[PDB]
Amino acid sequence: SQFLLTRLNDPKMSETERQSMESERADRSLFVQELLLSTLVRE
Amino acid sequence: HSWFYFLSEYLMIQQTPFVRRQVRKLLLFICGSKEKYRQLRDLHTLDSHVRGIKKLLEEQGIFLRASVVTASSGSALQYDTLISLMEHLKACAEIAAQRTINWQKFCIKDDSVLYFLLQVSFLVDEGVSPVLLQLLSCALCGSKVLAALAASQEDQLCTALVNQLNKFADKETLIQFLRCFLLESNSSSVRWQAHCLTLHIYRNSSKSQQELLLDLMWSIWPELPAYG
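Line order of the protein sequences matches chains C and A.
The first sequence begins at 289 in PDB author numbering and counts up by one.
Under PDB author numbering, residues 3188 to 3338, 3386 to 3462 are what the second sequence spells out, in order.
To be clear, the hints were calculated from the coordinates, so they are not data collected in a lab.
Incorrect hints may appear among the rest.
To be verified - Restraint-style ranges between C-beta atoms, simulated for each label pair:
#, chain 1, residue 1, chain 2, residue 2, range
1, A, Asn3420, C, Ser289, 36 to 46 Å
2, C, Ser308, A, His3429, 19 to 29 Å
3, C, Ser308, A, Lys3292, 33 to 43 Å
4, C, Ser308, A, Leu3336, 34 to 44 Å
As the list claims (entries may be wrong) - Residues of chain C placed beyond 10 Å of chain A at every Cβ, according to the derived structure:
#, residue
5, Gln290
6, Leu292
7, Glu312
Each residue gets a CB set at the ideal place from its N, CA and C atoms; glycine is no exception.
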């Protein structure tokens, strides 16, 4: 614990921040699904 | 006050247990209260111990002329000399561990103490290093920070002591202290203690002092490969 630099990681997020992250993740998942489906279309 | 000095000297002088008890009771009654009596007794004891340490060091040819401790002989001290130094050193260490506030007050009164101790440590042997480091950390890092690492007015005293040390110290002295105690220190406990002391000093340091310290550290950084 003597290493002071070890405690560098200090991340935090608001509840609104968590909700926004969830919405962005949902949008990203939808875009990924659409892209993957496009990869399997009929030529 | 002269009576107080004589009573402190008598307390230091060997006497009967009843005589010592009577002298302690008289000093406590005369000198206001237990707090003031203990402070005065500790001040006298620390002054005597420091005077003896300085006398011994001068006897070994190490003389601090005005602020620079110079010695002509390159050889180290004898084992008996080291034991004698460590005696008063441990006494003062116990005293400071008792009441770091009193130790800080004594240091404030005797501004020639801290820099002299640091200079002496740079020339002292490896064994004495832990005690000197503990004393310096107690003085500067303070009792609260030291206790926390073990897991207001004192803060002001620490800040003033840091200012005094900055005033007394020189750049080359700081460089040598950092090099010896942080890169040359074979012991890991010594390394951790040095890290704690340096962090405390930087915390209470001035802005321009902090800039100078960072410059010195980044300068030393080029030679890091040798220290392993």
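### Task
May I ask which of the numbered hints given earlier this structure violates, with the numbers listed in increasing order?
1, 2, 3, 5, 6
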